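Apart from one protein chain that is not included, each protein chain of the complex appears where it belongs.
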């Protein structure tokens, strides 16, 4: 019934034919390893960049590892992209989204700093948020170790990282970092609770991200349902920064992103809503297996350039 | 209490000091002349263009006058902008929005065809819509008299013209023209009935467009409240073309534009929602008297180039 | 490059930006409406006055509508100002010059009666003169409906109204009313035929009043070039009342006003000649858009008090 691109359908069929186990059935290490293998299989290769460099910053439970990506060894002051990877706050790391980060850095000609935030179940909510916030504030202070000056920050992330993107914009909005959030890019984010949404039921199985996985992530992360830092649809939107909400039409979390973009319009904030038609959750990281998703990423990039001026 | 830009506030003060009659207290021709004078004395001068020429196309009541604007005398096939002026379907014409049209043509480097559609009270609803639709289909057919080949059409219009923009998009969506609507740009449109909205009461007086003027236009035009050609929030949004909704934060019609953008997100359509802060209705045509509004127009132009790819 | 005040020049640039059809290209109703809109946008607001009352008096073609302005609800006998608006004898009415009339009334502390005389082309020359003369004689008779006794009358008017001012003074000079003309104030009048004059060619375009408009008015009104009621330079100046001639240095009709003042001096009559420097025709009614023209009107007022005196 719902529209699906032919290249996207064949990837869904190949996944079904491979017939892997669920996140529940695997051990934590196996589930984390499976995510690495999926993106390593499915995404386009990393871009070659002048700078791919590990860093770290002070955090509230110790140092936070980071990775800086830049097409330029040396550059003028400008906005710095602060990136938070997807993975339910349970899986993913600096390597699962490495190639995507190099693509953003190459296409934007802006530096990208990815954050290796603490994961659940070892570190439940709000550990991930504390680290993403702290690393973003650190970048915003233009520390000597970053090697370039930030005139503003651009939070961006997929899924759980899209959740972190909005929470960070709201936390910096209430208590500003040294420079402002000049643009946020939540990509298929978890913003409102997906429980009860039509997209969750309609796309519960067979569309890369499953209802089973969502429930697995939620049990490990244990976010407070009433806390805007867990579900930022509940935050104060009246001073939200310029926003690009990107969703996928076949995503169980699609309606969550629709809700957030609508809440921004309701509050009179500038927002670009892009719903990629015929593709699933995780489309930013399957750009070789489903080649048309490269074009979806480039639409987000074009919107980001426009929204930066 | 609401934020107003200093150059915007000085314009409102000059209007307040004048202490003129309402549109209903003038004769019909005096209302129309006062709108010529409003834009004439507040807008920037026309751009010089290679082509500005009057023409006409067949319509169901007779010939529809048009004005072609083009920065180039010769150009290859491409999208053609089809422009519908504001004025409540009662006032305005090809001259009240002429300078803005030359500005759109210059900055977009696309041909613009403005429509001199039939006006109420002489021609009630849906006469304006009939002429806007007929002219847009005519342009989309690449007629010889236009001298330009259309690969797509771009409906755009301010206020009542933004209403016509959405209706034309819905009508061509249901019965396609020779080429598709590739993008629509309703600018502070009337999309839903404003009666009862918070913005109507908050900005009923003192913000250029008044509640009394809205009611004066409504009585003359006589749009059917259940008819999606009168109130296109009622229409089918499931296949709406890519859209840029631009509103003003001080507009009694602001919530109508918010509602339409939210409806597009709800239906999963791609939309850029821009709410210009601290300015009023009509900001596209007061670019000399309120210089900051030139920048507002340029943001719409930048959004348009991005959405055209 | 004649001298133009900066605020005057800003106004002429906005008019040039507006562009649009000439008077002859509009319908008659559109032409009249655009004059309403011009003065409505450009003039200072009406003064508050104790008395603003519509009246009428008998005339040779029927009743003549009138408007009385007075800063006082009751006053003793004294001169009454009888005002005739400009507009080429084709456009204008009691409302186009209403704010100026309240200003004259407020600043002079004298009653003002404005005349709604018959207009061309519907009523050719000398219809406007018939009505201005009849209304001035009526006022001079101290009718009960006026509520104020006149010891004298003070004809005053701008442009075509300044033509009427001189003609009325000459007609009452030949055939006295119940009280004399104690002072006349033709403001940028048409006194001699402007065709062939240096100011007509120098200021034919771009100075509010254009040669095309003068020609449009002439074709509608059809004044006889040998008729002193059409061109009162032709009349007998030997008993002209005390006079204030006000002109504008940028007026195509400037030399006509110069001619009339010279003719009064030649006949040994008392005259104040004031030529406002750096402003155009219509300066009495653009006092908000060109704020320095308020001072020009105040000089005329001071000259009037002096001459009364």
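For reference, chains read A, B and C in written order, and residue numbers begin at 1 within each chain.
As a convention for this text, a residue touches a chain if its C-beta (ideal position, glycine included) is under 8 Å from a C-beta of that chain, and two chains touch if they have at least 3 such contacts.
Peer 1: Where does the absent chain make contact, in terms of the chains shown?
Peer 2: Result: the unshown chain touches C.
Peer 1: So which of C:197, C:249, C:284 or C:293 would be touching the chain we can't see?
Peer 2: Per the contact definition at the top, the residue touching the missing chain is C:249.
Peer 1: Out of C:7, C:30, C:227 or C:275, point to the residue that touches the absent chain in the complete complex.
Peer 2: In the complete complex, the chain left out is touched by residue C:275.
Peer 1: Suppose we count only contacts with the excluded chain; which residues of subunit C make the list?
Peer 2: Touch with the absent chain occurs at residues 247, 249, 254, 258, 261-262, 264-266, 268-275, 302-303, 305-306, 309.
As a convention for this text, only the chains that are shown with their structure count from here on.
Peer 1: Which chain is in the middle, if each chain's centre is the mean of its C-alpha atoms?
Peer 2: B
Peer 1: Using CA atom averages as chain centres, what separation in Å is found between subunit B and subunit C?
Peer 2: Centre separation, subunit B to subunit C: 41 Å.
Peer 1: Provide the C-alpha centroid distance between subunit A and subunit C, rounded to the nearest whole angstrom.
Peer 2: Here the centre of subunit C sits 73 Å away from the centre of subunit A.
Peer 1: By residue number and range, which residues of subunit B touch two or more other chains?
Peer 2: Residue numbers touching two or more other chains: none in subunit B.
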